[PDB]
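We begin with a single chain expressed as structure tokens, specifically the form deposited in one PDB entry.
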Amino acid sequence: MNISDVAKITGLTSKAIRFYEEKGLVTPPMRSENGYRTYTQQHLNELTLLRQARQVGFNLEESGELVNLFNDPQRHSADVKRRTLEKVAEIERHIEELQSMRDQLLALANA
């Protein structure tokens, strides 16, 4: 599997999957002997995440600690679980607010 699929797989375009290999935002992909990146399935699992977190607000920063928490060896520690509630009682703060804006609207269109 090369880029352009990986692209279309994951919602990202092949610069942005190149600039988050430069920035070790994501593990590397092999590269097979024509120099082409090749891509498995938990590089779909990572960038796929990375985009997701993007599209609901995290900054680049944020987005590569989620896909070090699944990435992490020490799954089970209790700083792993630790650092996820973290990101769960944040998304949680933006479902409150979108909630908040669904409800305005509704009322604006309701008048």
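Positions refer to the first chain, counted from 1. First, how it differs from the form deposited in another entry.
- Assigning each C-alpha to whichever rigid part's superposition fits it better places residue 46 and residue 72 together in one part between the two forms.
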Contents of the next structure:
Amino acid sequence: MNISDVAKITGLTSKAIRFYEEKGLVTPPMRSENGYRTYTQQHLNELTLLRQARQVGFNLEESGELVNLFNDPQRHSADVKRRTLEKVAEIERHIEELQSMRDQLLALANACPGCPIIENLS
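Now show me the form deposited in another entry; what you just gave was the form deposited in one PDB entry.
The next block holds one chain only.
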């Protein structure tokens, strides 16, 4: 598999894949006899794990540590669980912040005859 196929399969863009390699977050790709990057299922799983971990909120470092745990046959599921529960609490806080913004925008809108919205924001 070349990087194009990997992008199509993982949904990640070529830039992101290269970015993760540059950051040393994934097992480096191999080079073909021609000098071009080739990958294996191992790279796909690692990249897939990275794409999904980012989607849920883990920063770059956290996501990479998740890749390390994935590659470690002697991993402790307790460590993955602890990191996940910590991530959940963060998402709860993020949810609360958005609900606060939503509450404010709705209070303004309901006060608007359709302007209390612009006068109060300004």
